[PDB]
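A.B. asks: Each chain, written out:
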Amino acid sequence: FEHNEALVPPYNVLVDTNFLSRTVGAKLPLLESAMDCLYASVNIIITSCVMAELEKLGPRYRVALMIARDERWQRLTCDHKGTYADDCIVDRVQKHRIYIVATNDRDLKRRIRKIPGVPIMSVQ
Amino acid sequence: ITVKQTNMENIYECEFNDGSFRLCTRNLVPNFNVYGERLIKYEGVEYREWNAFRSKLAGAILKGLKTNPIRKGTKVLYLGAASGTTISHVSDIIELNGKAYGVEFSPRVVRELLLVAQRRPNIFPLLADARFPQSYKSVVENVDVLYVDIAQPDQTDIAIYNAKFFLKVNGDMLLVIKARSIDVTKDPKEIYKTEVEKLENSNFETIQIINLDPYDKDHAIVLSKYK
Amino acid sequence: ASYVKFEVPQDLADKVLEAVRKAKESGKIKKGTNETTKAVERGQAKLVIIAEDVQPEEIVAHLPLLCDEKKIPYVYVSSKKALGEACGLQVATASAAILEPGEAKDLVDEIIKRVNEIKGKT
Amino acid sequence: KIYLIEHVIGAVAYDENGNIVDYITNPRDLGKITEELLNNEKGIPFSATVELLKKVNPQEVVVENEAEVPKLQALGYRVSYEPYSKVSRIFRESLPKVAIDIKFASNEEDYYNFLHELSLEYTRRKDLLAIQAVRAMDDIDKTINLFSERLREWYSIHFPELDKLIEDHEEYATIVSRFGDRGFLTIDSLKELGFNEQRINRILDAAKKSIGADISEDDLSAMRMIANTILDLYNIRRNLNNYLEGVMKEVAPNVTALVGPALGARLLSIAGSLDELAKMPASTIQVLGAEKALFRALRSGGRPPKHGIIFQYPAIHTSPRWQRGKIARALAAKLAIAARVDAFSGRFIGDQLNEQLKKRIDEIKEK
Amino acid sequence: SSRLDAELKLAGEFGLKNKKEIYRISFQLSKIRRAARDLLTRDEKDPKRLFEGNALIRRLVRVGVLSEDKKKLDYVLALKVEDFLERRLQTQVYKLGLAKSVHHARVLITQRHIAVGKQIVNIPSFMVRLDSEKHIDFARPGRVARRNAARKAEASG
RNA sequence: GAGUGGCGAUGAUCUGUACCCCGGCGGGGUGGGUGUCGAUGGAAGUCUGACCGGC
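Residue numbers (the entry's author numbering), protein chains in the order written: chain d, 46 to 169; chain X, 5 to 231; chain V, 7 to 128; chain T, 3 to 128, 137 to 377; chain u, 21 to 159, 168 to 185.
Worth double-checking, as some hints may not be accurate.
Partial list, computed: chain u residues near chain V (C-beta under 7 Å) [stated by the list, open to error]:
id : residue
1  : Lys-115
2  : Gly-117
3  : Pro-169
Think of the hints as simulated: they come from the structure by calculation, not from any bench. Using N, Cα and C, we set each Cβ at its ideal position, and we do this for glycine too.
Starting from the given sequences, assemble the full structure and let the hints guide the process.
C.D. replies: See the structure below:
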């Protein structure tokens, strides 16, 4: 598609809040799942906005938070945690179309496909 | 030939006998060149040709550096001054008012920096290890620009450490990211991303990130403001 | 010898001579101390190779200093006859430079990264 | 609690707020500061600091460097250190200024003059005269010629025939200097400088039959001022050559072995320093001087100079035009090696270098 | 699309090595099971982790594998794909002078010429290991490789 | 029986192919640009004229 590649191990993957919930309440090993599909070392991360949003969810749905605050995902310190998870990831990946995005938000995925060179992952 | 000012102070462009455009600076010591560079007289004022292939700053300009924080009367701490190529050009830019503190830990090379710094009251040479700012704490003052071009794997960390010693709050840091001397194995583009994050996870506000290609392979320069 | 800055194990020394040969074939090299110098001064060189048995040592002594200013990595080999004979010459050479690696890019990138490790870095 | 600062400027004590509680200014002496800075590296406190810690009597002190702590504990105080402390920053923020306030320098102008020279000397601790000398020599050469040219044009109003009779400028000048008028010229006085039998006669006959002008003593002495200046410069030149030889053998013996002191120095002058000459490829050394000729060739793709200031080497300018480029190339190559053994230390190996060079020249000449 | 820009990537590797198909598919799957089974470390040092260890680790390889480390060979999943690619004559036989440039190479690999120290090796996608012997052999004779030995300085990687 | 003399980075090639000439070479001239200076040399080669003011 005319997109010049320069991705190198370990892949940087932003995991969104929905994916985190999902993998938690269905017992899906998110870390190993990504290393499996990317077939290489992966650094799994979550923006501060995504994990904050989880924090609210965490008030009545305990379990996502702990996994989401795990070193496996390493925090990506965005400048705008206040912005919906969706917009957060979008504004972070818009300058760094480098990072792979794992999201359950088919709306966020659609608007990321626009940007050349953004691997997209999700759970069926 | 024609020489004229650019958007940035004391930095000029030349129209040439043939129609080429090259950067130059106003010669602080007329009749004298530091490397092999061309000396050029126009309307009775002498300018030093600024080869982009040698000087990373000239490179960054030619790759569209928004705003250059190095100007008339600026105080710069220059980590990795080497033989004096680039630092001589920042001496020209800064003029007698401003000051450049050149830190360099390779004696073989400070040898040739000495010659540059003798001729130029602007430049204060220092044979010391940028990893220990304590060893030159007692000669330098605080500064406006932290220009950092050092071949070290932990170059970024070194830069941040010097910053919290010497960089003025709201001052600027030009940091050269040498992919191949941080790690020859990793992808240059993965390195640029992870080093910038170190600056952000301190408190530097990334202003602009330039890729120095044609001029410097596997290099990127970051401009950011310390808070 | 004193112009030798660090220690190169023979495995690496052989991987260097290999890298040079493939670069004659598929890329562009410079051979000889003067031409190597000009290649550094001009910033063209990606890797500089210096022999350890140069006989007046000082002939290549300026290269470490020069390469550091221009931030071009350099490496050692033990025989100058061996480097020249790699270079496609039938005589010795004291120093050489790789300008474009061609079909040795992968091989060079491993060298410029091993000499980083045995130099310090990370 | 007292926060202590050490700087080139002296030793300053601050409180936690960032106010100078007390200070002791250093002496404005390059020698002593440099040494105390070198000493500070090993943890030894400034002597200004020792005096300051007495004047103030502080219970808890905090320094900049961790190596100092145990030294000041051995001196009687309870001590710690803070790395990039707010105080240390506060001090350097006002460091252009507080140099004047504690009277280390009268103004900013020569705080920086001093600090520049401290830095120069402090790194020196961790060839210029050769260059200057040859540059003056070259000025003198130039001037001798200008004056001699003038003198001949001037003095020939009186004695025109003497100009084509004396080739040598120094000789010509000696005659005008000792005589002025041509009717003051004598077999005796001319023998008394070693002019040969036959030549003295041709001079005196030319002076006798001269179609020159008869001219006052005021006019002649005007001319004789120039003649004496010319004579003065020749002596100064010869003195400068011996001086130059002295320094050149000391600073770059191998180079001097190859091309002589003057030309050796001359290359240093163009290169800027010995280390700069040492960093050069032969192909540069071969063309130094001759920049106009070089860049003309590089801009247009024309023919380059075979030789710059190197032209002066006897083997080149005396040799026929088709040999010169080869001789130059061989010389430059050797000079690059010469400069490098000279730069990166010590050993004289100028004899084999000369021997190798003369081998190369002998081969060139047999074609 | 990512599908698209992928179908770019592949064509990039399509002479980032030299192939003409989906041998990129070959090597790919490889990388899978390599990782895969491997990545199934998991686990401990089960005397199994042991044999498998120096085992898959003895992937090295020459022209093949990594260099000197691991353990974690998923690095390969990064490499392998982008590394296992070279190694074999398909790659590491241009990067040795003889071959004028990949193409001008596979052709001799096939066309009788180009042989691994005795015996040709038409299988124009063998694998290299202890290479210094990858000459022409030839047995008037293999011309394209026998005189154009500009490889007489093919010191490459 | 003792000492010397032995390709080589500590370094061969490429281009100043000048022209062509007479005997790859000797010599020759014509060439290039470049160091010197010169000559005297060559340069619309040597301003303008109605009224200027003070009153």
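A.B. asks: Using Cβ atoms only, decide whether u/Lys-115 comes closer than 7 Å to chain V, and label the hint accordingly.
C.D. replies: 3 Å, holds
A.B. asks: Taking the least C-beta to C-beta distance, is u/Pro-169 closer than 7 Å to chain V?
C.D. replies: Interface hint status for u/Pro-169: violated (20 Å vs cutoff 7 Å).
A.B. asks: If you take the shortest Cβ to Cβ gap from u/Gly-117 to chain V, is it below 7 Å?
C.D. replies: Holds, about 3 Å.
Hint check: a violation occurs at hint 3 only; the rest are consistent with the structure.
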